[PDB]
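**Q** Each chain is listed here by its residues.
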Amino acid sequence: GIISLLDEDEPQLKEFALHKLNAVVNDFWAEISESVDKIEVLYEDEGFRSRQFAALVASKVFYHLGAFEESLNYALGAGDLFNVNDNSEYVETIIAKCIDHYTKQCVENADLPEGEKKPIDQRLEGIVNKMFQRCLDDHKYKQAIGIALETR
Amino acid sequence: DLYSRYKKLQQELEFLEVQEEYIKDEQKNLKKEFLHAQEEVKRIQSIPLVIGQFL
Amino acid sequence: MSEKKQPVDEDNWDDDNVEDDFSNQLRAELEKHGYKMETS
Amino acid sequence: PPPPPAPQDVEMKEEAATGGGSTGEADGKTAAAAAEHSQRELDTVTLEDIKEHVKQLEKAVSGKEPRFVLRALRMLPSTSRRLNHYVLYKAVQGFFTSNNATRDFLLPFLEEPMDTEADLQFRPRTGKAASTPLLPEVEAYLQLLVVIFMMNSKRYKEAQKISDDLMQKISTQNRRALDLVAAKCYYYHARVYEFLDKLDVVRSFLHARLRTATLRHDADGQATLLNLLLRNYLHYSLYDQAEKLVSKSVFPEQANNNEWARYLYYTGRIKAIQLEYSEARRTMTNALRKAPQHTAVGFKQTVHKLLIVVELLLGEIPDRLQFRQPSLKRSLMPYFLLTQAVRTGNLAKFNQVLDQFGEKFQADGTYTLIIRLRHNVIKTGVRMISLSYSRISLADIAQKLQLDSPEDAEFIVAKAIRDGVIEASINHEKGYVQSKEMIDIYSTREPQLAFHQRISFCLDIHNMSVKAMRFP
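Protein chains in written order, with the entry's author numbering: chain U, 7 to 158; chain D, 39 to 93; chain e, 1 to 9, 40 to 70; chain V, 26 to 497.
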């Protein structure tokens, strides 16, 4: 029971709840699954300026429950500190599914002549052009042309 | 060889996908022809039966 | 197959299954079941 | 010195299969699981659990673990000469003087198969080198100079978690050997960790170890670590069964065929302690008939005493004696009289069995039985007598079971209608039940409702036997 401590309708107790989240979220994996609804309340609220972190622990708990397309939605909603991570489970499986959506999206939009596409959501392209520079400046261009395969 | 080591895998994969569909249908037709074989065992006789004895 | 929590853990006896279908029922008593005749 | 040749033989028969044979069954094999030496080695681990493992005493001290852990090398095809080294070192135990080099000198012995050479690439040899020495050390938990070493040996097995998580760098399915060994050794982890105290950060160890086995290698790890997590949440306070209520991802191939049985048993104890009669007794029944064999002496017995507690709580149970091991009789000296107190309707005996055996009832520790067993006695009464007579009176049954008033008999009959056993109503003037039984209820279209499930279940098992006929 860590979400009933949120009747203070500012983000300034949502932040103490998140300071509880990033402390004991793996123990309280049972707890947030009911709190999916109020995490949605946090994402919908533009006045909640920590909505980046709302989508962060959203994709965390959906990575726990096995949601993956909504892990993609709130993975894009997570922000700029999303792609930059070097972690070996969470961030690389979800950017695996994300740039898998990028290549299947570029296939479907390569199957879609002259526009009318689904646009670039504002947190794609990050590790595309950032791990792409790892592949480039690691001086083997086979990934650098493998993306050119994958985008058509 | 990160350019075609992993992409030639689908090449000889599509084909046994199709044979994996295919041998099913060949089994679906050979039951028919098995029934035709079994019934065509019995078109010549066993109304007009003659009598010998085994030796 | 011991792989679980457990490494810390018809003479007169199948007649006792019907007799524990009978233990709350008429042990022998033989007089009661012979004297229910003559009270009327 | 004539008996230690039997561990000398079975030791080489084990790692011949494991090392050389399952390394060749790892090189290019495992189309689904062609590592049949993995199941052979789990058979030999059950064989070392039947026997003494290798060198607990064996008329000497510490012979094999300093010996065979050297020089594997996986090289040019004269590594059978390193096997000849392994074989012809055996003049030391028979002829020479044995010396103590286990449980203290093992700390560089585990680093010997890495510091010889770049031996090979696969992790089942590493899991071999940290399991096949160290599992012969765990079953001697005399807590003096032996359990801190089980502790550190399974810290090396936590390094085996590390070298399970970061070895082959993606997709070489050696988890169908290492999770098969790791099921066993993580149960022994939980055993040795909870021989002393409850495990606290080993909970997060287990959480992240369940996390890493999610999709990339989801083979025998998820269900076994979930058994670990379930018995963890079972032995201690009961807060995170809502985790199974929100994250029910519990359905593998149900591979080990007894893991699934005892898994359904443990979650039957869960639904027994949450609240259930029906679903809990049917999964207890399915685990009961899914008892694998009786080839393990009296291990079904205590666990069955705690299994059919819910059937005792049904009230429709006779004496349970067909299960009774005669060595269980001296422990069911409470439990036999308890099911006798189920068959009897006495109240003073209902509390005098408690007053006589509350300590073994605490050994059960599941007073959910006694919080509803009085209610079970009155429901046994209402089932019997309401199946017996058509228009009974509430006074007859009431002052036949000592109720002393009409209105609590009314509340009994009312909460029995609310619990829905019989039609029985009240000829309301001062009570005095007017009621009926129920024959001519229905008998023809209603069976053939359930016959859809009968024969659809049959055709499910038809197609399952088809997909099982697919295997040879």
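Some clues are possibly wrong.
Said to hold, decoys possible - Dumping the calculated PhoX-like pairs for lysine-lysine here, alpha-carbon to alpha-carbon at most 25 Å:
| hint | chain 1 | residue 1 | chain 2 | residue 2 |
| --- | --- | --- | --- | --- |
| 1 | U | 136 | U | 148 |
| 2 | V | 54 | V | 209 |
| 3 | V | 84 | D | 70 |
| 4 | e | 4 | V | 273 |
| 5 | V | 269 | V | 194 |
| 6 | e | 5 | V | 315 |
| 7 | D | 46 | V | 54 |
| 8 | V | 273 | e | 5 |
| 9 | V | 385 | V | 223 |
| 10 | V | 54 | e | 62 |
| 11 | V | 54 | D | 45 |
Don't read these hints as lab results, they were simulated from the structure.
**Q** Residue 5 of chain e and residue 315 of chain V: Cα distance at most 25 Å?
**A** Holds - the C-alpha atoms of residue 315 of chain V and residue 5 of chain e are around 17 Å apart, at most 25 Å.
**Q** Holds or violated: residue 54 of chain V with residue 209 of chain V, Cα cutoff 25 Å?
**A** Between residue 54 of chain V and residue 209 of chain V the Cα gap is close to 24 Å, so the pair holds against 25 Å.
**Q** Run the distance test for residue 54 of chain V versus residue 62 of chain e: straight-line Cα separation, threshold 25 Å.
**A** violated, 80 Å
**Q** Given the hinted pair residue 385 of chain V and residue 223 of chain V, is their Cα-Cα distance within 25 Å?
**A** holds, 23 Å
**Q** Is residue 4 of chain e close enough to residue 273 of chain V, meaning Cα to Cα at most 25 Å?
**A** holds, 22 Å
**Q** Is it true that the CA of residue 84 of chain V sits at most 25 Å from the CA of residue 70 of chain D?
**A** Violated: residue 84 of chain V and residue 70 of chain D sit about 72 Å apart, past 25 Å.
**Q** When you check the alpha-carbon spacing of residue 269 of chain V and residue 194 of chain V, does it fall within 25 Å?
**A** violated, 31 Å
**Q** Does the alpha-carbon distance linking residue 54 of chain V and residue 45 of chain D stay inside the 25 Å limit?
**A** With Cα atoms ~22 Å apart, residue 54 of chain V and residue 45 of chain D stay inside 25 Å; holds.
**Q** Please verify whether residue 273 of chain V and residue 5 of chain e have alpha carbons no more than 25 Å apart.
**A** holds, 23 Å
**Q** Holds or violated: residue 136 of chain U with residue 148 of chain U, Cα cutoff 25 Å?
**A** Cα-Cα ~16 Å, so holds.
**Q** Straight-line Cα separation of residue 46 of chain D and residue 54 of chain V no greater than 25 Å?
**A** Between residue 46 of chain D and residue 54 of chain V the Cα gap is close to 21 Å, so the pair holds against 25 Å.
Consistency note: the structure conflicts with the earlier hints numbered 3, 5, 10.
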